[PDB]
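Below you will find one chain, with nothing else, as structure tokens; this is the form solved without this ligand, and questions on how it binds or moves follow later.
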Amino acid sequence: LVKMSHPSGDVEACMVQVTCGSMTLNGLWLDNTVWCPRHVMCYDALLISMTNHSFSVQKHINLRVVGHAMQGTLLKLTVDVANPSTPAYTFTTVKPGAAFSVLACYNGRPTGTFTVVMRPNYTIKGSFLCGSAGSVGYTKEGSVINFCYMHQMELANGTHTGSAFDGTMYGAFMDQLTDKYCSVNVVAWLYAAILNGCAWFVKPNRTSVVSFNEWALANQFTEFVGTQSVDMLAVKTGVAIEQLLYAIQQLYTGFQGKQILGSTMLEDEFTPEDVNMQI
């Protein structure tokens, strides 16, 4: 079990530096659009201020701005060349629990890639430094890249958030509720354990989904919704979901010893789809 990101090449070819007056950060060049975070101008008063000569766009790794809009927390620039390296793409929101890949960029230059999970408090625990705004998070299905996160800000140490390409910011933060354990990913990780001969924590005892979801409201766990991915894990291991929901209720109380895939606490950052693909 490894934190595994999509290869970053397709996205790499779309990362541009967008600049406006003093501030500069990362932009996403798709077709004739350049997406970027709007605080590049620091709002409706600020938009009237600018002209197309207020934005310069550079590709590092020759563009003129001939259009300007704002859409939510995002600037929708238009440019005179369609990116010849534009992947087949989509805009979509990620619901909490789900994982996506991040291309961390600075001054329009990609420098790192890693995977994060969209936390239940609508933040993400990645590694972002000053000027990484405009880095893009994405997943990939078949051949269609699917862009789901533009980076914008850092709330406290290590907690970051950002927007979907519809301009909406995750968790409505303007340019934090308590975190919870993603119950369905914990379930996946527990199945991953069983599939690697580490099954000391399984009992015949069971907790119904409804009982667990009530218990979850009281202990900062997410509502469990079963999926085909989880069901396939159930079949292969022989161990029912509800057994795992019981073991969670007990393991949270403490590991009393005793390890699971090298960890002393619960892991909620690997998804069912993650586990299936890797095991």
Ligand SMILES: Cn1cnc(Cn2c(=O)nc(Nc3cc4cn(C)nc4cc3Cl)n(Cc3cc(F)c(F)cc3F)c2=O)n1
Given for the second form:
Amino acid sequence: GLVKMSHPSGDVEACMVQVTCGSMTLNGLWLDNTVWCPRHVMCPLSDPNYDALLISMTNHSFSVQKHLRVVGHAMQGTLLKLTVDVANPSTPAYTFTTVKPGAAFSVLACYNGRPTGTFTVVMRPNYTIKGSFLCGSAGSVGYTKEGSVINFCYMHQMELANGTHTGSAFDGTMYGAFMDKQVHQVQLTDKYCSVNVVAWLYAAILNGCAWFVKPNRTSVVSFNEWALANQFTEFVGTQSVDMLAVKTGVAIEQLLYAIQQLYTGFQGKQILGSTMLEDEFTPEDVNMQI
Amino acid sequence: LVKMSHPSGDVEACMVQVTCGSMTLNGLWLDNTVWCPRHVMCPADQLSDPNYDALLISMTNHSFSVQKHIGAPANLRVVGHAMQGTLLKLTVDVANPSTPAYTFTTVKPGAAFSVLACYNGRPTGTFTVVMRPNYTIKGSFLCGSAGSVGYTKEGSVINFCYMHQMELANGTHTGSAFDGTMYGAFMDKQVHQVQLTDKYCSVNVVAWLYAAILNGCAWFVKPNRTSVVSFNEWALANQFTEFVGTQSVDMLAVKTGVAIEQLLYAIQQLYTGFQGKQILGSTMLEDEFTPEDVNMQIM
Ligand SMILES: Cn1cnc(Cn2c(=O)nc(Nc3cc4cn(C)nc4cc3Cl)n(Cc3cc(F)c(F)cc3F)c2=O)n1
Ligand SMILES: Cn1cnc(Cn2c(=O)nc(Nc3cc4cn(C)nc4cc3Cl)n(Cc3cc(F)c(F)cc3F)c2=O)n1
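Given the form solved without this ligand, corresponding form deposited with this ligand bound:
Zooming out: every chain and molecule, the one shown earlier first.
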């Protein structure tokens, strides 16, 4: 069976700081001479004018604590870019790439600048995540690692009226275009991550559970038109999926056909003990864990 | 309801690679001591029947090489060696300057801890497991993970509770407590060993049903009740642990208004299968969430 696995968090722990502006406080991320944090900390809340708020900021509007003097301030989308006079001596090698729905990443949950827990989520097709966050977590950070390069991909912003969560990429854009204000907002309807359901079926086949494999095939292009009408994402193949097809001898298109049948029901059978489709493990997860 | 682990940085700073002859695995560097599994002493002949007492006598301080790869790299010299149960206690001539405040305590079945999986002294992943009623854990471990460390954290104090030793069957593992005793009394040698049958951790199943009620999923709740004593007689016959209430569980009962005995009755109906229904996105009973975990996460 598959195990939820997160990256070691030490590297990122060393970058977490607390940012306070007026009576607001949250978490920031300190890289080199810059502290990133959500611009909501500038707000005195239901409909802020962040452009005016930025103008009103003065030399000592922000205070940064590591559990740091601010020399400049800028805004990049829904994030603030705060210049500090001391460079983080433990800045990892990093990139800022936006994650796509179905991709997994690790989250370091923090409160007032202190790391408290870590877990892994997949970005949902409706650009929310199913995290575990309490009040005081605004500015917590999500990331993947490739080699020793950290890709920072998520800065936490808000809990929606569901239990679901959203935030920003470090280019400043909010995932799913949610507005960083306290107004009722409703997410789009979620979908199954097709490529992840495919990975899970491959995991089943690797563990001896393969009754759903038939010779029938459904092409990618044909599955994708069906998916638009049945709350699945578009399937996009990857070399990681190809590796699963090679070591099982079962082609993607056989599994696309199987999903079409399984969406109707499992007949009277189980898959890896479950009678529901699973889309929270990626092809990369299955490759490295089986 | 996410699988939550402690931030791993405190423990990452203590992981080292330990080598002896042709064997290499992970060690834990705390002050002037490096802890690692004693299997690192075992030669290729005798991997199935080692004489660790004799192996230890044949060893010198010079038999052991120790490196720290991540963070500030490694100048460690072994100046002493001892064996404690299934663990080696190596003494080095530099005290780890990032040693956390720590304790050694053995965990009991049903309790959860974080694991930092490492390979050749390099941390690669973290996850949370529960100590199973048959004294195994179901982690994600590959070859080269022997000596990876499990732990909890309370305030500033890390409790180290697990040093990974062996894969018993696919996906089933065991290890030592830091007093050196193997969980489940498994033997640290290359031989097939059968484990006792696993059981559902009843108090964690109860915590999870409370989490479902808190989240608006309560179709399984009936007025009907089963007493603790009568449930525990049933559990003996159905591979469930004995239910033992705690203050953490009582908090959930007060908040939801649903008595423990109502959920004990519901478990008896739900192990007969969910019919076609789901609970918190699952079609089977879940027992890896503790009452403390549910109280923490759902407040
Ligand atoms: C339950 N929950 C789960 N995730 C979250 C995230 N979250 C948060 O941690 N804080 C928020 N509001 C603040 C209140 C403050 C009080 N002080 C003294 N300082 C504060 C700082 C913040 Cl950020 N919010 C709400 C929220 C945050 C935003 F970034 C935003 F644009 C709009 C919002 F309505 C929040 O969701 N809470
Ligand atoms: C798939 N898997 C999941 N968990 C494990 C744990 N595990 C392990 O990582 N290594 C082991 N044997 C070694 C071989 C070595 C080869 N070199 C060069 N160095 C080695 C070091 C070790 Cl420890 N084992 C097997 C094993 C380990 C013990 F500690 C023991 F007492 C008996 C055993 F059969 C292992 O289970 N692998």
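Numbering follows the first chain given and starts at 1. Here the rigid core means the biggest group of C-alpha atoms that line up within 1.5 Å when the two forms are laid on top of each other.
- Superposed on the rigid core, the two forms differ between the two forms by 2 Å or more at the C-alpha of one listed residue only; from 127, 205, 90, 111 that residue is 205.
- With the core superposed, residue 256 shows a C-alpha displacement of at least 2 Å between the two forms.
- In the rigid-core superposition between the two forms, residue position residue 214 carries a C-alpha shift of 1.5 Å.
- Relative to the superposed core, residue 157 has its Cα moved 2.5 Å between the two forms.
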